[PDB]
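Note that this complex is displayed minus one protein chain, with the remaining chains in position.
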Amino acid sequence: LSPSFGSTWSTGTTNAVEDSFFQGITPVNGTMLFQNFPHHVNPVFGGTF
Amino acid sequence: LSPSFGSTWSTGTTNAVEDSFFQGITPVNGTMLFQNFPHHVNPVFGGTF
Amino acid sequence: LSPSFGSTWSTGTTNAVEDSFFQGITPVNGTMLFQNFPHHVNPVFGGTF
Amino acid sequence: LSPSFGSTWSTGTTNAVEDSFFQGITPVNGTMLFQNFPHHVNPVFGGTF
Partner (left out) sequence: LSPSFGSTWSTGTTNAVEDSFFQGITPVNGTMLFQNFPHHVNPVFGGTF
């Protein structure tokens, strides 16, 4: 087994605020927990032309 | 097993504010916990032209 | 096992404010905890042209 | 096992304000805790052209 991946690219802004990244061989046997609950937030997101 | 990865690239701004990165062989057997709960926040995000 | 990674590159600004990086063989058997909760914040993020 | 990594590169500014870096073989068996909670902050982030 020999997977081939591609490069990751970006030209404009990239606002990766609050997240988690992994890469490469990552065997898991224990426990991994991901829970998310903000409870007073008023976001705004923009469109495009 | 011999995975091949690509380079990571960016030309514009990259505002990686609050996050966690991993790379390479990272076996896990214990516990990993990720929990997120901001509770008074008013974000704004921009669009494109 | 012999993974091959690529270089990490950046030309513009890179505002890595508040985060954690790992690289290389990092076996884990204990506990790792990541929790995030700012509670009075008014961010702004910019778009592109 | 013999992973091969690439160089880390930057041409423009790099404002790594408040963070933690690791590199190389870093086995962990105890506990590692990461918690973040600023509670009166008004950031601004810039876009690109």
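Labels A, B, C and D are assigned to the chains in the order they are written; within every chain, residues are numbered from 1.
Following the convention adopted for this analysis, a residue touches a chain if its C-beta (ideal position, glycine included) is under 8 Å from a C-beta of that chain, and two chains touch if they have at least 3 such contacts.
All shown chains touched by the missing chain in the whole complex, by label: B, C, D. Annotation for subunit B: contacts to the undisplayed chain at residues 12-13, 15, 24. Where subunit C meets the missing chain, the touching residues are 7, 12-13, 15, 17-18, 20, 23-25, 46. Of the residues in subunit D, those that touch the hidden partner chain are 1-49.
Everything below uses one rule, namely that only the chains that are shown with their structure count from here on.
The interface formed by B-C recurs in C-D: of the pairs listed in A-D, A-C or C-D, only this one shares over half of its residue-numbered contact pairs with it. Here the spacing of subunit B and subunit D, counted between their Cα centres, is 10 Å.
Centres computed as Cα averages put subunit A at a distance of 5 Å from subunit B. In subunit D, the residues touching two or more other chains are 1, 3, 5-6, 34, 36, 43, 45-48.
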